Amino acid sequence: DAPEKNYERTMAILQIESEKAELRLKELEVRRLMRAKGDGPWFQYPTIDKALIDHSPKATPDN
Amino acid sequence: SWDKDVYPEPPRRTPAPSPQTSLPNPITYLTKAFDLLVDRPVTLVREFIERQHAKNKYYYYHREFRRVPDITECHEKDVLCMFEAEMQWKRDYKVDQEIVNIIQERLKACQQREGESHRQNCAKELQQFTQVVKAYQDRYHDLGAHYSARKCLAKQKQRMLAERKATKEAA
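Chains as they are written, first to last, in the entry's author numbering: chain W, 81 to 143; chain Z, 3 to 173.
These are computed hints drawn from the structure, not numbers from a lab. Some clues are possibly wrong.
Within a straight-line C-alpha distance of at most 30 Å, the following computed DSS-like cross-link-like pairs (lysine-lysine) qualify [what the hints assert, rightly or not]:
{"no.": "1", "chain 1": "W", "residue 1": "85", "chain 2": "Z", "residue 2": "92"}
{"no.": "2", "chain 1": "Z", "residue 1": "96", "chain 2": "Z", "residue 2": "153"}
{"no.": "3", "chain 1": "Z", "residue 1": "159", "chain 2": "Z", "residue 2": "92"}
{"no.": "4", "chain 1": "Z", "residue 1": "153", "chain 2": "W", "residue 2": "106"}
{"no.": "5", "chain 1": "W", "residue 1": "85", "chain 2": "Z", "residue 2": "79"}
{"no.": "6", "chain 1": "W", "residue 1": "85", "chain 2": "Z", "residue 2": "153"}
{"no.": "7", "chain 1": "Z", "residue 1": "126", "chain 2": "Z", "residue 2": "136"}
{"no.": "8", "chain 1": "Z", "residue 1": "59", "chain 2": "W", "residue 2": "85"}
{"no.": "9", "chain 1": "Z", "residue 1": "136", "chain 2": "Z", "residue 2": "96"}
{"no.": "10", "chain 1": "Z", "residue 1": "92", "chain 2": "W", "residue 2": "100"}
{"no.": "11", "chain 1": "W", "residue 1": "106", "chain 2": "Z", "residue 2": "79"}
Assemble the whole structure, with the sequences as input and the hints as a guide.
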């Protein structure tokens, strides 16, 4: 191979691998913040569906 | 041949042969026998091969690397620029190595050529050798087997802090 070909191929490899490394560090930080705060789409552990609640007039009024 | 200024040679001064004896030296007879039996046939074969070279002449080139930005003006952890800076630095390191090799060849050729008065007659080559070895040692010594442009920049910054503190405490 030419030194041009190997050199610029190496630079393509370095760009791909550095972008993957920055995204892995961001993935760690995103998982840390989402487990800490719970306001993202991940770690959304379920609560009770409020579509199950009966809203009719009941037998006794104080409810 | 080569470039006679990067590999300098002083003018050869050989004495005229002034024989005092009456006996013939065998060296002139052997010189004529070497000229006839050896030097002329080797010359003819080389002229034959050189004609064959001149029948088809083609050229090779010295590769020229243009300078890229060095490690100082590369951002931290920016591999696309500091890679180029590192390749630049490694080529400069290999070339500085061969500069030291050139000056060592000069010193050894001076010592043999001057012979017995080599200690006086090779002071300029010794001085150039001491300067280029001091430069190479300040530039590249003790970096390690995992040397880089960052290691050399850190060594240079430590040396410059030492020089700045030594200058400032002397004023």
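Going through the hints against the structure:
1. Proximity of residue 85 of chain W to residue 92 of chain Z is assessed by CA-CA distance (about 19 Å); at most 30 Å being required, the pair is judged to hold.
2. Under the criterion of a C-alpha separation no larger than 30 Å, the hint pairing residue 96 of chain Z with residue 153 of chain Z is consistent with the structure, at around 16 Å.
3. Distance restraint check for residue 159 of chain Z and residue 92 of chain Z: the Cα-Cα separation of roughly 19 Å lies within the 30 Å cut-off, and the hinted pair is therefore satisfied.
4. Proximity of residue 153 of chain Z to residue 106 of chain W is assessed by CA-CA distance (about 29 Å); at most 30 Å being required, the pair is judged to hold.
5. Simply put, residue 85 of chain W and residue 79 of chain Z have alpha-carbon atoms about 24 Å apart, close enough for the 30 Å limit, and the pair holds.
6. Proposed proximity of residue 85 of chain W and residue 153 of chain Z is supported: the alpha carbons are some 28 Å apart, at most 30 Å.
7. With a C-alpha separation of about 15 Å, the suggested pair residue 126 of chain Z and residue 136 of chain Z falls inside the 30 Å cut-off, and the hint holds.
8. Pair hint residue 59 of chain Z plus residue 85 of chain W holds up; C-alpha atoms about 28 Å apart against a cutoff of 30 Å.
9. As the CA atoms of residue 136 of chain Z and residue 96 of chain Z are separated by approximately 17 Å, the hinted pair is consistent with the 30 Å bound.
10. Restraint check for residue 92 of chain Z and residue 100 of chain W: the C-alpha separation of about 27 Å stays at or below 30 Å, so the hint holds.
11. For a cut-off of 30 Å, the pair hint linking residue 106 of chain W to residue 79 of chain Z stands: about 16 Å separates their Cα positions.
Violation of the numbered hints given earlier is absent; every hint is satisfied by the structure.
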